[PDB]
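Before any questions on binding or motion, here is one chain by itself as structure tokens, the form deposited in one PDB entry.
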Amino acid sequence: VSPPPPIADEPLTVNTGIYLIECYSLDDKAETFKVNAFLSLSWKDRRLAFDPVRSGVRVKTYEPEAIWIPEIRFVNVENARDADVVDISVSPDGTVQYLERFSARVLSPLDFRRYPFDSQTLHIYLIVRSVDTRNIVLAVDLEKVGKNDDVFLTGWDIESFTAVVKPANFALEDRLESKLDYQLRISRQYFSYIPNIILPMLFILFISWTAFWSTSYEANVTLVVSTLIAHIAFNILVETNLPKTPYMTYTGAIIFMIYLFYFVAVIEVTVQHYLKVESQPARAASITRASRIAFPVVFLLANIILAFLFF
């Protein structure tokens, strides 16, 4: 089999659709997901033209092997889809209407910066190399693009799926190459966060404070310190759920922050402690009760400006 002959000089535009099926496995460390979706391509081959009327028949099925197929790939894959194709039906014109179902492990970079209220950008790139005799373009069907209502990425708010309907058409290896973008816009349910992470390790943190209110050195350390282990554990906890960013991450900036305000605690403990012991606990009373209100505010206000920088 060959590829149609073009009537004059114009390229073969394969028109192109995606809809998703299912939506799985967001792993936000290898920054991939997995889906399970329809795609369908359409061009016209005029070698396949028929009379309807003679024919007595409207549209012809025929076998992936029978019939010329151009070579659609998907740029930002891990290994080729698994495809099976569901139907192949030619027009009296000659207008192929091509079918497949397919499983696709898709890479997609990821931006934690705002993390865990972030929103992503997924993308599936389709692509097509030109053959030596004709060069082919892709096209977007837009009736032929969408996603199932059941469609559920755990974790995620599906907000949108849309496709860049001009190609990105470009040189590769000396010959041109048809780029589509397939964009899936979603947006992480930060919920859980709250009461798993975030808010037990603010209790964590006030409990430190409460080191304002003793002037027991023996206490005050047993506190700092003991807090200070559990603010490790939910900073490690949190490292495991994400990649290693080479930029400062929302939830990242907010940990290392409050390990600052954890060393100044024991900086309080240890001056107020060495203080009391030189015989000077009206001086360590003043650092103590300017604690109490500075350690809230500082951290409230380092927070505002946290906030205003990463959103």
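Numbering follows the first chain given and starts at 1. Just so we're on the same page, rigid core means the largest C-alpha set that superposes within 1.5 Å between forms. Compared with the form deposited in another entry:
Just one of the listed positions, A282, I267, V277, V57, moves its Cα by at least 2 Å between these two forms when the rigid core is held fixed, and it is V57.
Alternative state: the form deposited in another entry, after the form deposited in one PDB entry:
Next comes a single chain, given without company.
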């Protein structure tokens, strides 16, 4: 089977549509998400034309192997989509109406800069490579683009699923390629991060600052070192569920900055002890009294600066 011949010199327009049934496994480390959807294609193949008076049927149904079907592929998939043809219907004029249900792992880079208060635009790129005989161009039938009301992506809010109607027509290996951009806009549900990571991490930091109301070096060492170990645990936990970024993230900056506060607290606790041993507790008392105000103030200002830079 060869492609449909042109009436004049026009390219073959293949109208497309993606209808998402399910959205799952959005992997941050992998920068991949899974989709189970309907792919609908429509083109005119005048060779399939029939008279329903003779045929006895107003619409003809064909098996995929029986007729010519345009080779529509996905650009950013891991492996070739698992597809199952739902229906192929030809009307008397030769207008084929193809429908398949597919599942694919999609590659969509994520921007972790504002994590976990980030939003993402996922992409599903449809492509068609033109044949020798005639050029194939993609189109969007907006009536056949959508998503199920029950589509739930765990820990994410699905904002919109739209298509960039104008295809990206370009040359590749001396043949015309027509690309289409299906954009799924999502925003992260940041709720859980607050009682599970943020607040537990701030509590262990404030516990370390209780060493500013203690004269016991032994207990202060314990307070600041133990809480530093708990912060290393939170740092590990956070970085394990995230890919290695060549840029600084919001959570990354905060986690890092907090290490400096622990370092300076160790220095303060050390300075205080050296002075007490040197029989200068009045000077040690001045530094400790200052730290009590300085540490929360500098922490609060630094966080205002960071939130301002990122958001």
